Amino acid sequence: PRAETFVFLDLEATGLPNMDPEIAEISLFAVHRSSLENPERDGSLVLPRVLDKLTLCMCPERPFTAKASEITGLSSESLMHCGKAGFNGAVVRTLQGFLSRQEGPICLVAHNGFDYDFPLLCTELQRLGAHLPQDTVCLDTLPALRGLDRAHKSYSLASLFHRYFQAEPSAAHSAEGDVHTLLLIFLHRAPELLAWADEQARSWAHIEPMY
């Protein structure tokens, strides 16, 4: 069946250079298909009114690089300072609760998801023996937008956003901010991407962990 809810997400992680990646922040925006089929506009795009959201910070065991600390604006010490544990059972219960609130099937959407977000999410969940609904699929907007453009450049969020909306995203550089920016980009090309999703979305069960 077609996915009924699209769950846009972004992860911020550290420790990748050690091949010991550990999520520091995750943000998810859940949007029903109908909202994407029929975008709202004020003349510019605005986000759907009916939108579920979950943003959770986690103190990673491994440190950010100074480049990824200036951008994201996190430090491992500061997440600790605000009293956050790591990616644990409580994160899993919250996430699974959140996903159960969505009409299935779910399509996870992440920019550069196949190379970063999805295998990273997969590693953390498998570490905790946690599974998503077996009908869950996922969509990486990076190859989608490349693929679509070829059917007729930089493919970063920053660049894509500037090329579709004339201006720079005032969205803070965070997981939540990045998902905001991604959802707008998706909305701007929604009929194409919905079509891409129907034909190209990958089963979540196919996704392999880092490990």
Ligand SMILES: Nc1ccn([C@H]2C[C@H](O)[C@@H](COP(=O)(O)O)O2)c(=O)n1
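Between two forms, the rigid core is defined as the largest C-alpha subset superposing within 1.5 Å. Shifts are known only where both forms have a C-alpha. Residue numbers count along the first chain shown, from 1. First, how it differs from the form solved in complex with this ligand.
- Shown in the overlay between these two forms, fitted on the rigid core, is a CA shift at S34 smaller than 2 Å.
- Once both forms are overlaid on the rigid core, the distance between the two CA positions of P191 between these two forms is under 2 angstroms.
- Core-superposed comparison between these two forms: the CA of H173 exceeds or equals a 2 Å shift.
- Segments of at least three consecutive residues in which every Cα is displaced by 2 Å or more between these two forms, once the core is aligned, are found at 15 to 20, 170 to 173.
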Given for the second form:
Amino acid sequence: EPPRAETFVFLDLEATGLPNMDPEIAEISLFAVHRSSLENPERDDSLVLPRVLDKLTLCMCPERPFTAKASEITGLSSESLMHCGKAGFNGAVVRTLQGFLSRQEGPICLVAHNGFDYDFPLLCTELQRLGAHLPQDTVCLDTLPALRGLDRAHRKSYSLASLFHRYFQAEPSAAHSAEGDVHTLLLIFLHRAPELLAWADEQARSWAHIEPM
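Compare with the form deposited without this ligand: the form solved in complex with this ligand:
Next up is only this chain, free of partner chains and other molecules.
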């Protein structure tokens, strides 16, 4: 039913708190990977990331300061980002993100762990706030209900750390940083690429159907 995506843009967000705290994006990271790299993963002797990998990471000072929980987790604070001269989520962010996505062969499928409940509606809120739009044929995939569902067909924790520890028998790094989490998500995805690509070809939700937080 959804359009067959050609590029999968894995993304992750660090923000100032949980959804009902009206959180602001402090960090966003995106790894763009063409479908063909996911269909036929490279392995040295273990998974290695695709050679052709467009990447974007941007830090931003939120207008609302962090929570203690969020700050210690992400290793970021409103003061820290200001000190490094980062402005908030503004037109410059939109122009860079839109440019980055236009560099990708469409249709695009955004991928995020627990995206339906957090990343997607938060990004939508920020984009809508600036009256910005994504390409019309853009869809999105939440690997959280997707992985749970795929396992039903065959109690376990489905946190990003639990999954990585389960598939690769090791600890992820650098956790709770936007770029680090996308890196972790991409490896997890690669480990289950055929099933997840299949999931996306059917269950991927239209970005237009994502409502602001």
